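Note that one protein chain is taken out, while the other chains of the complex remain in position.
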Amino acid sequence: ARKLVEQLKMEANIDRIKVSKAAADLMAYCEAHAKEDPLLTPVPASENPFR
Amino acid sequence: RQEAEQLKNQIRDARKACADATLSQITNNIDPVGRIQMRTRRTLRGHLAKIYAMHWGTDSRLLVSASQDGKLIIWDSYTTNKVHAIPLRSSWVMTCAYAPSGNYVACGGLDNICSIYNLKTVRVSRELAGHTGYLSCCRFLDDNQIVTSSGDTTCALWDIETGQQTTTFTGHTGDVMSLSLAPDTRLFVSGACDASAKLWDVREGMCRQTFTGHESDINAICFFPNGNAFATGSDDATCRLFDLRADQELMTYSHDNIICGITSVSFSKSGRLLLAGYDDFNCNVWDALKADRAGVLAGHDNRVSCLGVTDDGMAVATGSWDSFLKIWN
Amino acid sequence: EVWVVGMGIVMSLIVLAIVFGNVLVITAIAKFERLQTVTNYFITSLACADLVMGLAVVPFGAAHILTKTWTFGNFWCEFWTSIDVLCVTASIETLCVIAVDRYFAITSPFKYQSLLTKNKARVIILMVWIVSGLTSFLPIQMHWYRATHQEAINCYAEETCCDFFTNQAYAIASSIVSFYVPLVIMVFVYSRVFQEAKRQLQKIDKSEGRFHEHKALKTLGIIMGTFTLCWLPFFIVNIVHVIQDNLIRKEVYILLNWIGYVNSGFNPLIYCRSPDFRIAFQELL
Partner (left out) sequence: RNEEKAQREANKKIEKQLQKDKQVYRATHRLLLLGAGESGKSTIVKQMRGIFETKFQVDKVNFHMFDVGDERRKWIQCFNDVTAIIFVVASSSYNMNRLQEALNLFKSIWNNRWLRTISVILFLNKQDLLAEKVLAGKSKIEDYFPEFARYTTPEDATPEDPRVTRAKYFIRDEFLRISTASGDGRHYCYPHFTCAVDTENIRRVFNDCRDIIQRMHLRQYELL
């Protein structure tokens, strides 16, 4: 049982950041890379290989 | 041995104190993406029976699917014509994979064996054995090392050159149903049948963190393109978005009109759209940030079991039990 | 006057129903891949035959009845007669084929897959259509069927009256080929099917009766009864009006013939009640 007890102590000792910073980072990444996805933005039929 | 409860309470208090504001609160004011309409572009036929798995190639041109008739077929999406057809020793397959180098194809099923084929020579190359249960998923980490997860609550990292396990990952209680690799191929996760998702380290070989948001078995899992988040799907018709750094979930995607299970989850290239397949014979397109539906991909007569998005993110392919594959754009 | 008027409305309604049901069935079969089964090729052949008959021969027949004078040439009279005979004699052998298919499916379950294949179905349909068209166009477009009676000579001479007059041989041969031969096959097949169903029901009752023939009787009854009622009187008056001179008046002959045409408006209501067809119709209008 000591093997299980060791892991619980091991996983506890990690630094964490607030939810605000993580949400801001996710939003920033999504807004930055938003102009480079064919699914969201319908590209012209010239560049579409499936038409 | 009552210290275990003390550590769990310590974890709970730290997680509660970490939270400051909900994800919906921050992202409320952004404009929506609106309705997204997708139409079928190609239809691939030729499988005698139902399909369980598929995996796009790294060149966004070739894909491989495995059916219960005991046959692997490599398609060509651009010209909807086959290239290869590989018979199998056993007719039960539950997974498939495509090597990053475009030279090897692996498949494993109800027999407790993972097989590897050599496309550019089509005969069997290696047979990896040692698992005590059926395999669920397998992904090519490189051209000579492969990571697999089986039904005996274990995961292993193999060596193709010698065919022997290098590191074994243990800790789960229920069966393991899926896994996915990080963008830098340094970490990987797994979703089990005990409603828990864990984060491993390939080099170290020891578990790091654990998430316990769901209430039933987990059937799918996938990383965010950023590499710091991942979303799962379960039998209670819910998809939850977790986060490594904060170490708790941020958002749940649920609706009152669905009571079915979830079989596949995938992201888009920008990460704005989350695509999931259900048992209602159709797929749904969710909004990652605002948690609002934005379209439906219907057209399959039976349940959807596979789904994948190209590396370039130009199209999405869905496979179903109706022995058909479709390409949506 | 009023009678002439009324006849029109109901005749147009009959034409509209006959066209609409068949076109809806054909569209439902073609649009969806869930219905592209081997058994559905015979049904779509029957639907095409009924649609062609209803669209081609019914309107011109109605015009002839109402105007009491045919306003086209002799060539078009012969052409219309040939199309009518072809459609009528091709809309029954398909039902015979369907009955044989159900017989083979029920009686020999272990060999149904090998016996029937997508390749052989096309051969069977082509053979049915060819043998149907061989007895219609060949002896009508050529003048074997024509009679030599005094009335028939004037009828064939005039360019305004287009009536049906035939000798004994052609009438007997056409009736035997079209109706009487494909009836004994139906009777035998459905008798065997009913016997098998009764045996299975008795087996179930003897097996688990304590804890726990209507549907089969009703299904076979409707399937046989509608067809026999629609097509049996006409194929008896056809023979008897040639056996005996002046025995049966022309008006009742035309009435019974028109009663026969109603049958094409009921096949979609009989062979297309399956849940898959119902879902397809619900999705498509």
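For reference, chains read A, B and C in written order, and residue numbers begin at 1 within each chain.
By definition in this document, contacts are C-beta pairs under 8 Å (C-beta built on N, C-alpha and C of every residue); 3 or more make two chains touch, one makes a residue touch a chain.
S.K.: Using the touch definition up top, pick the residue from B:90, B:162 or B:168 that touches the left-out chain.
M.R.: From the options B:90, B:162 or B:168, the contact with the absent chain belongs to B:90.
S.K.: Touching the hidden chain in the complete assembly: which of B:193, B:265 or B:283 does that?
M.R.: B:193
S.K.: Looking at B:151, B:233, B:277 or B:295, which makes contact with the chain not pictured?
M.R.: The one listed residue touching the chain not shown is B:151.
S.K.: If the hidden chain were put back, which residues of chain B would touch it?
M.R.: 46, 48-50, 68-69, 71, 76, 79, 81-83, 85, 90, 92, 94, 110-112, 133-134, 151, 174-175, 193, 217
S.K.: Mind listing the chain C residues that contact the chain we can't see here?
M.R.: Within chain C, the residues touching the omitted chain are 102, 105-106, 109-110, 112-114, 193, 196-197, 200-201, 203-204, 207-208, 210-212, 215-216, 219-220, 273.
Keep this in mind: only the chains that are shown with their structure count from here on.
S.K.: Please compute the C-alpha centroid of chain B, do the same for chain C, then give the distance between them in whole Å.
M.R.: For chain B versus chain C, the centre distance works out to 56 Å.
S.K.: Between chain A and chain C, what's the gap in Å when you average each chain's C-alpha atoms?
M.R.: 66
S.K.: Quick one: in the complex, what on chain B touches chain A?
M.R.: 1, 3-4, 7-8, 10-11, 14, 18-23, 26-27, 30, 33, 36, 41-42, 77-78, 171, 206-210, 224-226, 228-229, 243, 245-247, 250, 268-273, 288-289, 309, 312-316, 327, 329
S.K.: Using the touch rule from the top, collect the residues of chain A that touch chain B in their complex.
M.R.: That would be residues 1, 4-5, 7-12, 14, 16-20, 22-27, 29-30, 33-34, 36-40, 48-51 of chain A.
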